[PDB]
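Coming up is one lone chain in structure tokens, specifically the form solved without the named molecule.
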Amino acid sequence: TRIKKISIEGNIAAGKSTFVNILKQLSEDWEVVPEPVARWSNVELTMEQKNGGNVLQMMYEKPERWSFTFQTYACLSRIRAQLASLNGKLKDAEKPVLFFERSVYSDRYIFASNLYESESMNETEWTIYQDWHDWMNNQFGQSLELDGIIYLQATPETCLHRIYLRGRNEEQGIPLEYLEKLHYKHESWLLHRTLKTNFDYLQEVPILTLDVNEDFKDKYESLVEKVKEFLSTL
């Protein structure tokens, strides 16, 4: 691939969707793959979305019965959406960048891992999942390997506040203590670089850490400048 693939990572409600749609518009060479599960959320037919909608709501109702199915599908959907763009976009662009909202790595090492640590996945489901994940990506990930990661870093308070603001019903019960596990997970993974994964190149992937505690919706030029400077080093 001659297209640069950057994932944007970070806590629930940190600002990823907002930042990713900001980026989209700043360049014709810049293109986005929104997170498939994002699509599913809202209240136009599509089979993935019918499935996604259903499993997402079953997830809220009973995670210990639907984590493995949700996370398997959430992942496949990601891989195919990212392939679709990798292969169908930015062909005439001279500096092509593809921004992935989140990645197959946060699928496994943040979200699936959490679910297993909450015992919503038992040892068999967790082992089956990582194996399938291992294999799925061993074959298909090859054109998906990330050139860089941007980390939108927000305190859990910030995140909680933003879940409020987003006002998406199903989300309003998410406690601070949950956002803090994820935050510790992200910190470990992208800041201290302690989280050892099964994808070796990850240990050498450049990370950009961006503080998004302060609202950036109308004031984002310095975040974009840091992105651009970052991109020119990859």
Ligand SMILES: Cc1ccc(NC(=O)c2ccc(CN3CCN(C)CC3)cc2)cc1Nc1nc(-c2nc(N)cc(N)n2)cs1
Contents of the next structure:
Number of protein chains: 2
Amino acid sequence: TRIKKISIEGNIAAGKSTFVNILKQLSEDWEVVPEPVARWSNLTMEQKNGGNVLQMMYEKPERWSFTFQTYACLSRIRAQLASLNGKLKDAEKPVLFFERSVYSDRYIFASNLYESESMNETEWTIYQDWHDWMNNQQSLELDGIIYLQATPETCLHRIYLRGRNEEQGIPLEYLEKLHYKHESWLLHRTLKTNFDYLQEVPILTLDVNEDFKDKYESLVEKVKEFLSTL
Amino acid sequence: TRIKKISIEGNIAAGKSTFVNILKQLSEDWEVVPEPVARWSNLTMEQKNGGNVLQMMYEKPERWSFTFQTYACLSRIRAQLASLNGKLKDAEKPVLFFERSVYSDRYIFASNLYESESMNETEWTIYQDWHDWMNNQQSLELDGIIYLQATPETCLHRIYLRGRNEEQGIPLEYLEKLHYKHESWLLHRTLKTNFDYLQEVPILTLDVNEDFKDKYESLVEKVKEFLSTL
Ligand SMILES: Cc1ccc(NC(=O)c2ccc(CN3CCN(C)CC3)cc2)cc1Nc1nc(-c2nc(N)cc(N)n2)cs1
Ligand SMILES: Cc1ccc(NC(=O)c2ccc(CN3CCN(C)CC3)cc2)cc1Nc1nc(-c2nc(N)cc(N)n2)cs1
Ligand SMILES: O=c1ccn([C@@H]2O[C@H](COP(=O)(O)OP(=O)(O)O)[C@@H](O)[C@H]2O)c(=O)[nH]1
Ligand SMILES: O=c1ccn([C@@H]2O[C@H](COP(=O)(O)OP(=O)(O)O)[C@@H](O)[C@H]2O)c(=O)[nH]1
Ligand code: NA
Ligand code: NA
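Form solved without the named molecule done; form deposited with the named molecule bound now:
Every component of the complex follows; first up is the chain already shown.
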């Protein structure tokens, strides 16, 4: 019938990729849209482009943040629409789990880059204008959000575990900042956004500080009860 | 009924703004979409943004070309869709004259900036990918193109006439380059583009080297005969 759209949100290395790759397996009605940024740091023209801009961001984030964020968000919309138009056509209760959303792109990452002075006012205002417009022009509007909530310390341990060379320099302070934005947006709900419906949108919060790779039935029970109310 | 969409194309200072402001007056069925870049170098957030990026382009085109071209093209699409959805609702034979198009943005300006090394390969490929996609996601597809063809020398005289301080340093060589791209795209038709229908799309070419401010009936006769065949 009509696909239910659920964003999975959380700090770096909270366990979102682990979680979605568990969910996709448990039902034929369940599919996953991986974060294009994750696929760039694994050959498509999008991957060469993303690979090039990720690398240039390490050298000069104040040069490449605007270019990165716009291309990261474009790539997510096109990947979200491809899944929405290519899968779960003969599914009874189809659910599409997005690894993060257009809202994390803006109110977590792009916002953080503006606050770290990696975008100037003109770049941030062009970005927001582009984002408002790119999204208007109800299709990927979310039925619900699942917040995988983890302490910065757990996420720092899990970056160590994941063992990506590029990521081993991420400091606790950076994760503390991303953590703070997730708390304000999804838990305290103190964040003004420019998308009216988000304030209604149901949020399931899951504490994932404890390892769940081999012990996730309780999280899945809460997901199925969440899905039943939508 | 359904609005006919005609792009006016031509080098800087060929006379496109003069021409469209003549056409808009001759019929209630005739409307004009001015080039947003033209309105930035005349307060909306789009105008502050465009004003800021135009200024920064004079200092450092190799820093701002990507940002400029993407925002210039976004702004044109939104302005084209606003006219298409707000005017000529009770017009019998409605015609909408676009001052330039999404195709001039790409195959004239962005392309020229890439060739002048103001965009690197990653910026040019991101731009083209964005452009392909932004346009797909038949609405602003053109019924025809009117090429106001003028020599670089006429355009250089007309920049002098227009008397914008910012423009008085434009050299003949730059206009010769833009002229060459217009000839290849619209006259010789030697330019491959990534939009299949453009190769069919009818082109009216008008020699506008002679002043027409007070003597434009012949040009308008050719426009009305052109419109009749579409
Ligand atoms: C790959 C990479 C490389 C480098 C940096 N760098 C910085 O974040 C950074 C900022 C500031 C500073 C200090 N500061 C001093 C002052 N100068 C002027 C200016 C720099 C130093 C470093 C970040 C990344 N990763 C990023 N991924 C995203 C992202 N990830 C998604 N999954 C989705 C999405 N939409 N966005 C956003 S950022
Ligand atoms: C306002 C402004 C300011 C500056 C420049 N500058 C250069 O074009 C320029 C390039 C190259 C050079 C030398 N080159 C040496 C080598 N370094 C590395 C790199 C620079 C020097 C200068 C152009 C403009 N105007 C522009 N308007 C458009 C445009 N106009 C529309 N109407 C629609 C649309 N889509 N685009 C495109 S460009
Ligand atoms: O309960 C968990 C969740 C995650 N991980 C590991 O933590 C790292 C980060 O998780 P993931 O890549 O899923 O994080 P994301 O960035 O996708 O949130 C990976 O090496 C996982 O295998 C783990 O050991 N136990
Ligand atoms: O037949 C003409 C056409 C144009 N102009 C002048 O040439 C300049 C450039 O024309 P316009 O601004 O229309 O050029 P565009 O950039 O819009 O092609 C302006 O000062 C016009 O008044 C003119 O004197 N005679
Ligand atoms: Na599945
Ligand atoms: Na009119």
